[PDB]
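Shown below, as structure tokens, is a lone chain in the form solved without its partner chain; questions about how it binds or moves come after it.
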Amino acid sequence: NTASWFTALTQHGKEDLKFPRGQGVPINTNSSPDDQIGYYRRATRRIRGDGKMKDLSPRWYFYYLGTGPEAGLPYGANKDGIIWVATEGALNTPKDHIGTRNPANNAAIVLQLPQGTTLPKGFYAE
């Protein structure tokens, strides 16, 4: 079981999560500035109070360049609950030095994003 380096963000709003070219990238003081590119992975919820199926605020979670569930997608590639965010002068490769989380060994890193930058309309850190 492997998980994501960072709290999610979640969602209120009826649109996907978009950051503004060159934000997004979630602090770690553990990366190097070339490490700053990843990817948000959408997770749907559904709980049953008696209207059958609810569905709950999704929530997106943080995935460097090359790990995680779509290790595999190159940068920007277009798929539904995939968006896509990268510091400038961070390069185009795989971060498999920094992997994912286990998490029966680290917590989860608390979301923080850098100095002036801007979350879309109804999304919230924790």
Given for the second form:
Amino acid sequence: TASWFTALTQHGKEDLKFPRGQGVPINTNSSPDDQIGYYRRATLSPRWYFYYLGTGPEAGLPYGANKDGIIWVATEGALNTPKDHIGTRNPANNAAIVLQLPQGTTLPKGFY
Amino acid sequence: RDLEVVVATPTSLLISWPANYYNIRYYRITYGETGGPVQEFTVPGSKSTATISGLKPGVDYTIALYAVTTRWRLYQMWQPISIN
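Starting from the form solved without its partner chain shown above, please give the structure in the form solved in complex with its partner chain.
Up next: the whole complex, starting with the chain shown before.
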């Protein structure tokens, strides 16, 4: 299992968070109802990987299950259903998109 | 939308949260006076609203939603501040 995207590396104090409706990494090959998932500071410094809802190590987490080092991002219009059609990455047969976020999306201090 | 109270009343309140019809088995609501007779009740997964009732007017009450998944696991759906 591999995160389709690259990491948000933290370089400071406050941990990763996102005002409501911000946080989904950009992916033009994905429908509006697929815009949902979680950042898990995964396993030095902390790094948050994006995984879609129902994929990843925590693929049994409901949306909103309050864990630690998981945060829930969802774009207006997404559905609360699993991403079996998207899945995750296999780092051999593909490489990781550079995780980009649209314009106007806020990021904590020490996140770039 | 999010986990927040919709209708509020001096004897009860209406809570709501985003539905889920693939992963939850039942929700478990839990609620008592702040710090200090704990109480709870149970709602099926398909539902996404619940009617806490029979409260003491004017008194502060910490609420919490909790979820049990299909993998027989236990998790809490956020956490909300409630005080009159």
